[PDB]
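Peer 1: Generate coordinates for the entire structure from the input sequences, incorporating the hints supplied.
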Amino acid sequence: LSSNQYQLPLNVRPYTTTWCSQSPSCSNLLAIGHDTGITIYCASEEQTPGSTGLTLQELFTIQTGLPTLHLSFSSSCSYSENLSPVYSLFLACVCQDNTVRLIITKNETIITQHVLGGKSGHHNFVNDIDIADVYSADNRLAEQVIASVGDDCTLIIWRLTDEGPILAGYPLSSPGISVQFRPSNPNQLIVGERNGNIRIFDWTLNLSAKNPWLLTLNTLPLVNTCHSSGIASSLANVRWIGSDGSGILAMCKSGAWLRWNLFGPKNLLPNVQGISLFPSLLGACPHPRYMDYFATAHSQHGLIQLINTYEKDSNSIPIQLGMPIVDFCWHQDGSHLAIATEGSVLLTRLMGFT
Amino acid sequence: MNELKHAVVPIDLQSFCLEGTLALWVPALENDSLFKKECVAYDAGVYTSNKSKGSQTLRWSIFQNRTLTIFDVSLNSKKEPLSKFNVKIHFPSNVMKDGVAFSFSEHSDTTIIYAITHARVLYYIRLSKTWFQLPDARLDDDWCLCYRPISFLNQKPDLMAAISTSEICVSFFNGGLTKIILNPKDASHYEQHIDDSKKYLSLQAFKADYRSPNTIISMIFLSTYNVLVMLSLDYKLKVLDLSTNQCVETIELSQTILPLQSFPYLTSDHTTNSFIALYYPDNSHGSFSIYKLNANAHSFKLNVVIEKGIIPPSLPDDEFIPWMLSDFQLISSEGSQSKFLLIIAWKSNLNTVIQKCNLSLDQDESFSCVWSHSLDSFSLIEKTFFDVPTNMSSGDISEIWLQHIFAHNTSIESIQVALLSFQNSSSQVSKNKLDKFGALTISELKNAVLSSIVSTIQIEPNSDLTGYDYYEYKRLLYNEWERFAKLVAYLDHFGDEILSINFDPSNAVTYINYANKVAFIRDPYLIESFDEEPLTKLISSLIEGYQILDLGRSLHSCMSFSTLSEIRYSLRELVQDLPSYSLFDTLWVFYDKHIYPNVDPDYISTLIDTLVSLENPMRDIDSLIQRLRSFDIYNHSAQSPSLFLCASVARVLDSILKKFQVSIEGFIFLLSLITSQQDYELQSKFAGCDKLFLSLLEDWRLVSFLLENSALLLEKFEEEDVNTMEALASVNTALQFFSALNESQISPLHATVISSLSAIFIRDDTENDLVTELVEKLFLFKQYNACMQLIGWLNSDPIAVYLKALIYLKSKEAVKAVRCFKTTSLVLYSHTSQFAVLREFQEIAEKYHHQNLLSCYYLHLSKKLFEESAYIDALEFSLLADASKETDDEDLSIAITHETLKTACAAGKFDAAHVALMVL
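Chain order of the listed sequences is A and B.
Residue 14 in this note's numbering sits at position 14 of the first sequence, with consecutive numbering throughout.
Residue 659 in this note's numbering sits at position 659 of the second sequence, with consecutive numbering throughout.
Think of the hints as simulated: they come from the structure by calculation, not from any bench.
Take the hints with a grain of salt, since some may be wrong.
[Said to hold, decoys possible] Covered stretches of chain B (chain A as the covering partner; in silico rule of three or more C-beta atoms under 8 Å from a C-beta of chain A):
hint, region
1, 385–391
2, 409–416
3, 457–465
4, 517–524
5, 642–649
6, 892–902
[What the hints assert, rightly or not] Each computed EDC-like pair below joins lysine to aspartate or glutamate, with the alpha-carbon atoms no more than 20 Å apart:
hint, chain 1, residue 1, chain 2, residue 2
7, B, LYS822, A, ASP97
8, B, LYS88, B, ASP435
9, A, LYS266, B, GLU460
10, A, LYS266, B, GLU480
11, B, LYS716, B, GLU19
12, B, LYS863, B, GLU840
13, B, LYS537, B, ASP376
14, B, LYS822, A, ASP35
15, B, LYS902, A, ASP35
16, B, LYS474, A, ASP202
17, B, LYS909, A, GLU342
18, A, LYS210, B, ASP387
19, B, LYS207, B, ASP195
20, A, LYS210, B, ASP396
21, B, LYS812, B, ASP764
22, B, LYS486, B, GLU497
23, A, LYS119, B, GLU573
24, A, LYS119, B, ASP577
25, B, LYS446, B, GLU482
26, A, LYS119, B, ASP585
27, A, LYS266, B, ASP469
28, A, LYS210, B, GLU840
29, A, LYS210, B, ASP376
30, A, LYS266, B, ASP464
31, A, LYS119, B, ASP797
32, A, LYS266, B, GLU472
33, B, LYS356, B, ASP504
34, A, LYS210, B, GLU472
35, B, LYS782, B, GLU726
36, B, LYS812, A, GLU342
[To be verified] Just a few of them, taken from the derived set where beta-carbon distance is under 8 Å, the chain A residues facing chain B:
hint, residue
37, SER173
38, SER174
39, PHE263
40, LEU268
By construction, the Cβ of each residue, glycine as well, lies at the ideal position given by its N, Cα and C atoms.
Peer 2: Pasting the structure below:
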């Protein structure tokens with residue numbers, strides 16, 4: 001295989017990483033949330049060898065002065081030139097002060113910032129965040145929506161509209177540990193409580209003047225039990241799969257994974273089930289192009305297993321580092337992998353997916 | 001009359017506090033001989049038998065179709081009267097269709113039991129106490145010897161009665177009494193065989209069910225040394241000497257319409273100590289009696305003197321409902337002949353009444369008897385709590401119902417039966433039955449339950465555009481789990497049954513035997529008496545304030561279910577977050593949350609009129625409620641057993657739920673009053689009440705904290721490293737609390753619950769939140785996962801903080817654990833009142849020969865960060881240690897620089913100023 005390693009500045013301690021897959025115009029953008037801000041990189045095809053025909057170039061560093069735990073690009077990100085070029089960025093993040101912020105930037109200069117914290121925001125630590133752009137029928141930018149879930153047993157829906165902000169708070173039966181809007185349908189989203197509950201949720205259900213949020217799945221009782229998943233199988237992750245949001249993949253801390261599918265007829269059980277070799281503290285990161293594929297990590301010993309849901313996998317571990325893995329994500333092309341460890345970021349190419 | 005109350009024991013929770021379950025067989029050759037049928041006949045308990053001796057220990061026996069069963073429910077104080085396991089003895093045929101086959105007597109540190117199969121054989125089994133204590137599977141001896149002493153074929157036995165370890169008596173329908181001597185490879189036998197049947201008068205009207213006018217109805221045994229008491233079919237009182245094997249005394253009681261009444265099983269006689277009593281119902285009058293005989297044994301011959309006439313009944317049994325004396329036992333106070341207490345059990349079908357009669361006499365030929373009453377009834381909380389699952393406080397649907405079956409926590413194998421009966425899909429039983437027996441493990445049960453439920457309810461789509469009709473899933477799920485739990489309630493409207501009662505000398509406790517559901521008798525607690533809403537009864541039973549309490553209880557009962565859901569969520573949000581706001585303005589805000597329910601302004605003003613008419617509300621309320629705090633004594637514990645912890649768990653879930661009720665009541669009122677006319681509220685004509693409001697809210701936090709705590713049974717023996725420490729080594733939850741809070745003239749259970757409830761009530765005196773104490777200690781052993789939501793709940797305190805830290809560590813979500821570590825410190829070190837975690841920081845402080853303000857703590861945090869194996873945060877903290885040192889010790893500075901050196905060795909390299917600028 002072929003890996004290229006690129007050093008984060010030695011004083012930069014990473015906490016999260018992510019690609020801008022949500023926006024095709026800046027899909028070569030890589031963000032690193034650290035203890036003082038967010039660092040932006042760009043991925044580019046050198047001639048290289050046609051082994052890893054992709055290299056990373058460090059663009060710039062947006063200082064914020066405080067830890068960035070989670071990070072999400074929006075579809076509003078753009079690129080421009082004056083010939084010199086300018087990047088217009090939209091970043092949703094979580095800071096040390098238990099606040100949830102939306103920072104809008106022009107390159108490294110921070111031009112705008114909205115903050116949601118204190119008692120109005122989450123009343124405990126924030127665990128996960130995601131963002132989506134909502135347009136009207138006339139197709140102007142109507143709303144920017146940021147959703148967050150917390151250890152205050154709360155899902156907070158945050159709306160930023162032309163006429164200003166709209167805050168909404170909702171209860172959960174347990175801490176919220178994961179959350180994500182549904183692809184091709186921003187009207188819906190999915191919520192991931194700690195206890196193993198999975199919420200399918202329509203946030204447009206009330207306007208001006210009757211229905212609950214929609215659906216609730218649960219992984220804890222569905223564990224195959226052919227091999228006991230252990231006493232504490234805390235839900236680590238829940239993610240939509242497909243370009244229409246036609247699927248759901250759930251992952252425990254134990255490594256046990258489950259898939260459901262969303263289109264025909266009536267349904268009585270999770271469509272497929274399985275188990276990873278190692279715990280998945282970070283959960284799974286679904287492949288952007290092959291619905292059957294996702295990646296999990298033994299973050300303490302620095303390994304990454306690749307799993308196929310229809311068992312085409314047969315245990316494929318294309319990635320083995322000698323150091324702890326802090327975070328990771330798939331480049332849009334689907335063959336490259338971007339991985340952040342405590343001092344570096346690696347871009348690795350798996351020849352099999354090109 | 002005064003009331004009494006029961007305390008029910010789920011058999012599965014027994015199986016919780018009992019790690020293993022062993023099954024023994026015995027030599028079986030010659031032994032004489034569709035779903036709902038097999039399910040009904042699956043479990044029952046043909047009879048129930050419970051014994052205990054003067055020496056030490058105590059067990060209970062459950063009977064079964066083709067099967068015998070037994071377990072350990074003792075409350076003792078030994079080295080290991082706590083580590084327990086359950087015993088299943090298989091039989092070639094059942095233990096007779098009748099109440100016979102049971103006997104228990106000991107000898108020396110062992111238990112010897114006598115049994116009878118359906119047909120014609122005896123069983124003699126010797127079980128070691130050690131055998132009981134050990135989890136081990138192995139036995140190395142001949143535990144049992146079956147034998148047929150006399151021919152039971154000729155004369156079938158109707159009554160069995162032990163006298164000693166070697167010897168045991170049997171009584172036949174014919175009327176003869178045999179005595180059976182056993183020994184290893186030996187058996188010698190004895191008799192007082194009697195056959196009893198003019199001939200013209202026996203030619204006609206002769207046909208009847210088989211009888212023999214020298215039969216004995218029920219025998220009883222009392223040792224001064226060796227004496228028996230007997231009641232015959234001739235209805236003569238015969239007294240028996242063991243040495244003689246002959247009737248020492250005879251008394252003639254002349255009743256003709258009395259033998260006309262014949263009962264299956266039933267104990268016609270029982271006993272206190274040296275004296276003994278018995279009684280005859282006198283048929284439909286239901287009069288019964290107490291003929292407590294005093295047997296004055298003289299050297300020439302043992303003498304008999306009966307001293308009392310008749311004891312009246314209660315009259316609630318009517319409507320042709322057949323009252324039936326199930327069993328009774330007579331127990332007097334050995335302290336002094338001032339009182340005598342008889343315990344009596346009545347049953348009609350599945351339903352049951354229980355009562356105790358206390359006679360206080362000394363010289364009076366009069367009859368001074370206090371009576372207690374009990375009520376057994378079924379109140380269905382089912383049908384209405386089902387409809388609304390709209391809020392995510394307890395979202396989805398299924399999980400809630402599951403938590404309802406767990407909230408009941410009183411019915412057991414009925415569930416299993418139902419589960420693997422619904423999963424059949426018109427499948428049989430004979431093979432699926434074994435599939436029921438196989439599962440065993442409880443944690444997985446619920447998983448199997450949900451997996452089976454979802455596999456039965458088809459989700460029909462909405463037919464709009466690849467959409468689904470959740471609104472059908474609604475009714476489907478509701479009526480599904482409803483029908484299910486209705487079959488459940490029907491499997492304990494067939495199961496919940498009582499059979500016997502057995503008093504214990506060593507423990508002095510009011511034991512009870514229900515079919516497959518052990519229980520206990522207890523006096524009404526104040527909360528119970530005031531939750532009955534006995535307003536009219538209290539009237540029937542300086543006097544103000546109580547009508548407000550009852551009417552108010554009604555007011556709480558007025559609210560809906562989703563209402564209490566919202567309320568529970570809101571208070572759950574009021575555990576941690578509330579102290580941040582200005583404390584006394586939220587008062588009116590809570591009523592501002594109370595307008596959303598019905599709350600007709602008519603009801604409001606109707607109450608307001610009462611309020612304005614109050615003399616002086618606060619000065620009566622605060623005091624009269626302050627008088628509710630109980631009297632705990634000693635609070636020191638011996639090595640405690642397991643029935644202790646589990647039974648106290650169930651009873652405490654009941655009491656705590658009623659407490660949540662009464663408290664919620666109290667608050668709801670307190671702000672339903674002080675809402676409108678705000679200016680007049682602040683006029684201070686009333687005493688005001690904000691302080692006691694706050695105090696009460698502390699109380700509620702604790703109460704609902706436990707109410708949650710008795711719902712997380714988590715334990716495991718991965719390491720399996722293991723007294724009361726072994727009590728924590730038992731699985732059930734909430735126990736640890738009771739073991740933490742385990743006698744002069746009072747039963748142990750009551751007092752050992754009293755100490756707990758007292759440690760709860762006490763507020764400022766303890767100077768510590770009981771929650772912080774709990775998780776502080778409990779964290780150490782187990783439950784590492786539950787204390788996550790539990791620490792996310794617990795109130796912010798330094799203790800609570802460092803625990804938040806260590807827990808957020810055990811889950812290895814470093815970040816937030818680290819934010820907890822950062823945002824706090826220690827002024828608490830060298831206090832030692834904190835358990836088994838302070839000693840670390842303190843040893844560390846002393847290692848620097850002094851008590852440095854801070855750097856030491858940070859050092860401790862660096863080493864602990866090593867314990868997490870995560871080395872980078874140690875790189876962070878070792879620095880803080882190295883810096884904020886305000887002490888300038890040589891040794892200390894050296895040590896700190898050293899640990900900094902190690903953490904650096906975990907991630908150092910060449911680049912100098914590149915480890916100077918990275919924290920957080």
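Peer 1: With the threshold set at 20 Å, check whether the alpha-carbon distance from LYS474 (chain B) to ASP202 (chain A) stays at or below it.
Peer 2: holds (17 Å)
Peer 1: Quickly compare the C-alpha distance for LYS266 (chain A) and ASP464 (chain B) to 20 Å and report which way the hint goes.
Peer 2: holds (15 Å)
Peer 1: Verify the proposed pairing of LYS88 (chain B) with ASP435 (chain B), using a straight-line Cα cut of 20 Å.
Peer 2: holds (18 Å)
Peer 1: Keeping to a limit of 20 Å between CA atoms, is the pair of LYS782 (chain B) and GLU726 (chain B) held or broken?
Peer 2: holds (12 Å)
Peer 1: Could you grab the alpha-carbon distance between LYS716 (chain B) and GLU19 (chain B) and see if it respects the 20 Å cut-off?
Peer 2: Holds - the C-alpha atoms of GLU19 (chain B) and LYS716 (chain B) are around 11 Å apart, at most 20 Å.
Peer 1: Need the status of pair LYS356 (chain B), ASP504 (chain B): alpha-carbon distance at most 20 Å?
Peer 2: Given pair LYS356 (chain B), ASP504 (chain B) holds - Cα atoms ~16 Å apart, limit 20 Å.
Peer 1: Checking one constraint from the list: CA of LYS266 (chain A) to CA of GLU480 (chain B), max 20 Å. Satisfied?
Peer 2: holds (17 Å)
Peer 1: Just to make sure I understand the rule, a stretch counts as covered if three or more of its residues have a C-beta closer than 8 Å to a C-beta of the chain. Does the region 457–465 of chain B meet that for chain A?
Peer 2: Held - the region 457–465 of chain B has 5 residues with a Cβ nearer than 8 Å to chain A, which meets the minimum of three.
Peer 1: Less than 8 Å between beta-carbons is the criterion; does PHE263 (chain A) satisfy it with respect to chain B?
Peer 2: holds (5 Å)
Peer 1: Within 20 Å, alpha carbon to alpha carbon, are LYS210 (chain A) and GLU840 (chain B)?
Peer 2: Given that 20 Å is the threshold and the Cα spacing comes to 56 Å, the pair is violated.
Peer 1: Verify this for me: three or more residues of the region 385–391 of chain B with a beta carbon less than 8 Å from a beta carbon of chain A.
Peer 2: holds (count 3)
Peer 1: Is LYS812 (chain B) within 20 Å of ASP764 (chain B), Cα to Cα?
Peer 2: violated (35 Å)
Consistency with the previously given hints fails for numbers 2, 4, 5, 6, 15, 21, 28 and 29, ordered from lowest to highest.
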